[PDB]
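So this first bit is one chain, no partners, the form deposited in one PDB entry, shown in structure tokens.
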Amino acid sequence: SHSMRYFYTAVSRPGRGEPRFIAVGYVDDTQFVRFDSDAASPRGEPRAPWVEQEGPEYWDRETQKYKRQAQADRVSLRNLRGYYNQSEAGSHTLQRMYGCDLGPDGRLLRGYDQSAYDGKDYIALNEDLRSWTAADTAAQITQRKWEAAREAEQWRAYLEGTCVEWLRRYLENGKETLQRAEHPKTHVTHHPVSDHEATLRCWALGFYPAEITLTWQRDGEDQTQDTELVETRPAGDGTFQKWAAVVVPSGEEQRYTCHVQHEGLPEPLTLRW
């Protein structure tokens, strides 16, 4: 399975200028595009090698779409402040996430188009790509406007067609990196925490995609509720890192084993301190 996902953020800044609009686009866990409305003469810009050869008409087209979205989001933010009777003195944030998920045959599993305001659900295109869920009575104003204008039909056309087709094209153009797993490089660290306990931490570094499973066992028994897990974080080079830690009685370290599961590992790895 693969996905393409866009993330839009528009933020008003009363008394410090007009709202700022940022867009990023991902295929799976790999960013490929950005746009920042604060840039002087802003452009859609490549962030992955496999869109750098798309050509100037493509990039002009994406840039045109982002500029229109940035200007429109200024209107939307103003409308929302009016729906809610909010003060012009406060800053507010509009977010949108949209995209498509594909199955192993390249068919569309699910399309998305969800919006948030002030950090919480505002309105969402339903799974059927034909109706809306409004989070409150303000979002119901938007819903009636979008129903009258057949907004859902336009999104469905994009989600079932353009989104699927271009995701498949990006996957083929970038297959050498997008369709290749990078196995995690692993080690265990050890830190006493008192006279009688010690931290064992299992590290996974340099892996792609981000999905990974790190577990600790005591004499073979899973230690699920005693394992502290950090959220998977970016290394900065397109790969990821994660650690999982357990606090154990001093002198009992030898009972514990770390287990690592990743697409890049044909067999799970076991580590011990």
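Here, rigid core means the biggest group of C-alpha atoms that superpose within 1.5 Å across both forms. Positions refer to the first chain, counted from 1. What changes on going to the form deposited in another entry:
Here the two forms are overlaid on the core, and between these two forms the C-alpha of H191 is the only one among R130, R150, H191, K175 to shift by 2 Å or more. In this overlay on the rigid core, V33 has a C-alpha that sits less than 2 Å away from its partner position between these two forms.
Here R96 does not count as shifted, since its C-alpha moves by less than 2 Å between these two forms after the core is aligned. With the core held fixed between these two forms, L200 has its Cα displaced by at least 2 Å.
Alongside the form deposited in one PDB entry that was just displayed, please also present the structure of the form deposited in another entry.
Chain alone follows, minus partners and molecules.
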């Protein structure tokens, strides 16, 4: 399966100028666009090669969208303070994430849209793409505005149409990277801590997509509570890293095996020191 997902953040900064608006768009775990209202000449900018080739009409159009949405979010931040009677002296955040998921058949599996104010759920498009759920009485004001605008219809048309159509186009233009999972390069390192025990660290490097499972077993049994497992982190070149470590008694290293599951592996890997 595949997804296109957008992430919008608007953050006010009282006494330090207008609120900053940032938009990022991803296919799966690959960023392909960004807009930053603080940039020297704010525009939508490509972040992946498979949209660098869309032409000036595409880019200008996206740019216009982001510039107008930044303006709107600034008004929206003021509206939200009005609903809650919050002072202009405090900073606030508006977040919105929307996108579409495709199943193995290339068909829409689900579209979504959700907003948060200061980190709390505020309003969300329902699963039927025809109505909203408001989290509190301020968001019910927003819901009645969007209902009067009949905006859910515009979400349905986008999520079931445009979002799917353009996700499929990106997947095709970028298939040599987006549809070809890069398996983790793996190894085990050993770090004695005393004459009598040592850390075994199992490494997964340079993989894509980010989803992975890394576990240590002792004699074939799981070592969950004895494994230090870092969160998956970006290498910064589009691939990811992770490691898992266990502290083992000297001489007992052969009892331990590291197990790696990743979409780029034909079959799960078992590794040893």
